[PDB]
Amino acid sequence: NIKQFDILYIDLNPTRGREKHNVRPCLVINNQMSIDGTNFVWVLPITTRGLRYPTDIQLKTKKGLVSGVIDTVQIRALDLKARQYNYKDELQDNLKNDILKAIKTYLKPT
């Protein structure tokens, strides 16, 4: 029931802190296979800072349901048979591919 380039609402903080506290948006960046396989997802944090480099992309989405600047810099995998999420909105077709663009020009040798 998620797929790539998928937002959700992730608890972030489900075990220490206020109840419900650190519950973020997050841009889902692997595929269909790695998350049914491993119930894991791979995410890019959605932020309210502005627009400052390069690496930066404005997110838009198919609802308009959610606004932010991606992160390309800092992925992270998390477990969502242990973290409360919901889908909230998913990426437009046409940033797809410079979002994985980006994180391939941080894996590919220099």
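Positions refer to the first chain, counted from 1. Basically, rigid core = biggest C-alpha set you can superpose within 1.5 Å across the two forms. Compared with the form deposited in another entry:
- Core-superposed comparison between these two forms: CA of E90 displaced by less than 2 Å.
- With the core held fixed, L12 shows a CA shift of 2 Å or greater between these two forms.
- In the core-superposed comparison between these two forms, the C-alpha atom of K101 has shifted by less than 2 angstroms.
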Given for the second form:
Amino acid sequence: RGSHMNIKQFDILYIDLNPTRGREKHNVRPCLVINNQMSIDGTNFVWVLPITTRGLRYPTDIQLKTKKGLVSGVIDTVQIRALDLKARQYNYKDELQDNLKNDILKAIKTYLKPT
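Having seen the form deposited in one PDB entry, I'd like the form deposited in another entry now, please.
Partners and other molecules have been left off, which leaves just the chain.
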């Protein structure tokens, strides 16, 4: 069909998270981009949720499903992080299936609404 051309919201990309501290996710790993196109284009930061190889373990975990089936695992919706794409090497690989997009965004907003 065509070249992807630029990172878009809900792309899955490999990126080095290192270095980090404590329970913060580490290493080169797939991550799910969740900020919108204007923000990515306007800042060259991506907001990511890191993907892990463990199964579901916590209520905040969401099973990953993708359009190409090239990345599998669980999305850790707690560990949101903005990364500078100008400074960290990355590789686009896959995209989140459409029917999961709103669940991701609704999970994130539940963590912001004052308790």
